[PDB]
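So this first bit is one chain, no partners, the form deposited without its partner chain, shown in structure tokens.
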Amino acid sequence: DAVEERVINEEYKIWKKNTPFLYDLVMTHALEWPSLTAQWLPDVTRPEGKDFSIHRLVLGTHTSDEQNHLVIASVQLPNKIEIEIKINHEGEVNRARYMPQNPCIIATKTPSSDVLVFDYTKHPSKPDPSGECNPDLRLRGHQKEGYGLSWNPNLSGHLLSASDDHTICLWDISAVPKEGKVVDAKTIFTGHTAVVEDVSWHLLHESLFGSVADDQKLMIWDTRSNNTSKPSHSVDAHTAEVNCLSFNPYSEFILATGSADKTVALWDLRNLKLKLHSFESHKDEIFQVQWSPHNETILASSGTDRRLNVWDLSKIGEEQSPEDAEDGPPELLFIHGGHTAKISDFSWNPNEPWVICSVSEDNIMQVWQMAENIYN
């Protein structure tokens, strides 16, 4: 008797009637197969004499059969969503992330525990009908599949991966030609005692990265340390498993973690003994958390409650209407209730402020932007 589907359908109806007053853009597209990953590509082309620009998204497939693909889709944003490239992928794409120093390079996480590296300019637009997956690099060192995947934005070719085997693998492919070879992990970090759900390099200091795991711990690691079994700092972050973390791109000391305790925790690297803030509103386990690329105080989180919350830490502690207090805390800026299933991933558009692409379990891809009067 799990008619949460009844609650879902009715909420969706009320949301669909209220799209015009809460959104400046709503694009909905059903994919052939659901995507577990979503990330805007940094390039954008604006044709002359036209009202739309072309943005690209790195997607993947999650199929039950043996025809998985790494997908690149194009999006026409004002001021149509179509697939552009489909590359044969061994198993479903757990996560796909492009290299910041070369967005042609895309790393993927596979169910076989291998991390695959693709140069999508070295593959045809139509996938190989034979069914063979030909990665430009095969990264080895993991025993189980995972979901944490992070390119170092200050050390080119340094890639981290978090897996269910309780380990974090680091690869240095900067000196390796991408000719289909197998590369073993340069370093394996074993500080966690449970499934490592996410990993992320620090966005400014090339030697630092964070990890979160099912042991409810956030760990801050330094590659300069010789001990790979113990991190620099281990933080009891949450009262349940921690599924995601994300560093602030404008505040070198701030990071956020999302957890199965339904909360998002704010952290300061200078004093990790005190959780800065606890963002509360989510009604179920949180899977993804991402800082806004344009505003240092704006942060978003998504998860199994089929919601995407957008937070504004500058509004923490604000006095609010009693009725307004019923809708949520003051730092809760916006609740995106467009998805009718669990949201797997989401990405902030780095060229169009406040535009977000979110993907859900029901094959639904949504490209949306909250109304200007809400944040402005």
Contents of the next structure:
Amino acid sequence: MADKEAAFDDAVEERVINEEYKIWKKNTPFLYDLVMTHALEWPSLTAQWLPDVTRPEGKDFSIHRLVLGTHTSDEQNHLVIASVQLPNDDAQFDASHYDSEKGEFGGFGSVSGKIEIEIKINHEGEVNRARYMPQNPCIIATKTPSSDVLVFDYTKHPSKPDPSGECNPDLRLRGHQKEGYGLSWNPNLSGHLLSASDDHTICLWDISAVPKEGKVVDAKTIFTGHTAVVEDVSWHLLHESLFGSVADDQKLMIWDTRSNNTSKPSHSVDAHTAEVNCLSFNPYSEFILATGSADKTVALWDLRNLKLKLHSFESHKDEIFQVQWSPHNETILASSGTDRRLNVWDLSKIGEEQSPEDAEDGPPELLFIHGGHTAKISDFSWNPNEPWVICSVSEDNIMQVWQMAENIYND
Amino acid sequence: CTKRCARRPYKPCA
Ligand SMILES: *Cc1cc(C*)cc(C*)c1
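Compare with the form deposited without its partner chain: the form deposited with its partner chain bound:
Full complex below, order starting with the chain above.
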């Protein structure tokens, strides 16, 4: 009865998905400068580009790397480092993009970039979120279905995993009681890691002095200001004491580590009209952050006056789970979620006068809609070394490395 | 054409 109408709603929407994908596949030469669709072995709940890029001399490509996880209900889940062949910006545009190999004069053109798996490390349950520490990018922290946050060093592990299945983390970080998804490393303090969880708490560890030899580290500070499930937490990128957290009590809370009150934050906004799932600070604007939520909106915030919302970005059709600023342009925001769309926003076009044809397509700050995933996008990541290149993963084992066309943004 | 297609990726225009 309850699963009868749920399977009725999933079967009507699957024909809407299959009709939307083939229209998107026809529109792919006019929308993108790169499409790399790779079917993964297992679905990934996390995606983040490693910041190192190796560029071989004489070749038109470079090797970029990704931090991936697996989302299996069987007991062989893996922390996965993959490697992507991305073309350089001094390389010639041809038919090597769009996963194509048909030449433009009746034959073969060029090959596309390939995605292989380098390192697999055994993991206690599925990887909810995996993030590298920026001061040492060999250190990757993960989130488990249990209460433990695990810290991995992939140079101290073999590339092929054990068939025994024993997960051996380099550190075991405890302090939570339930699972969670939020994770943030401090870029101005080494080893300061934040984590959000379902036990209404934010934990903070300092692992900068303990050796990475399998010991158990307890939490330095536990922040108990939220009253519901804490979805995401993020450090500020310039000031080392400030961090932000969003939760299921519709609240954005800005904290300070110099405060002694660990149950009351520095500021607190009634941020949305539903559960707030993600936040991201601007890397170029020190007062600006963005929060995304289950009321199909992205909210723009100013830290100097948090009681007034700056802007509401409205084009999504379902619950928004990840928001990320672009690390090359300060006005470029991206967001994804349950509506199988990754929207790219441009806040410099806020307030521009449109035609009524263009008003039906959306607001003028909406720049691009990625319509390539056929399931719910769990996580995405901007490439920090190649501009406008986004990896994005979804629940149907689909990872898409893509870049939009140049005349959309450059005018 | 390219900027209007960016905001309507499910438009078939055919
Ligand atoms: C010019 C153009 C562009 C797109 C994306 C689609 C069509 C049909 C025409």
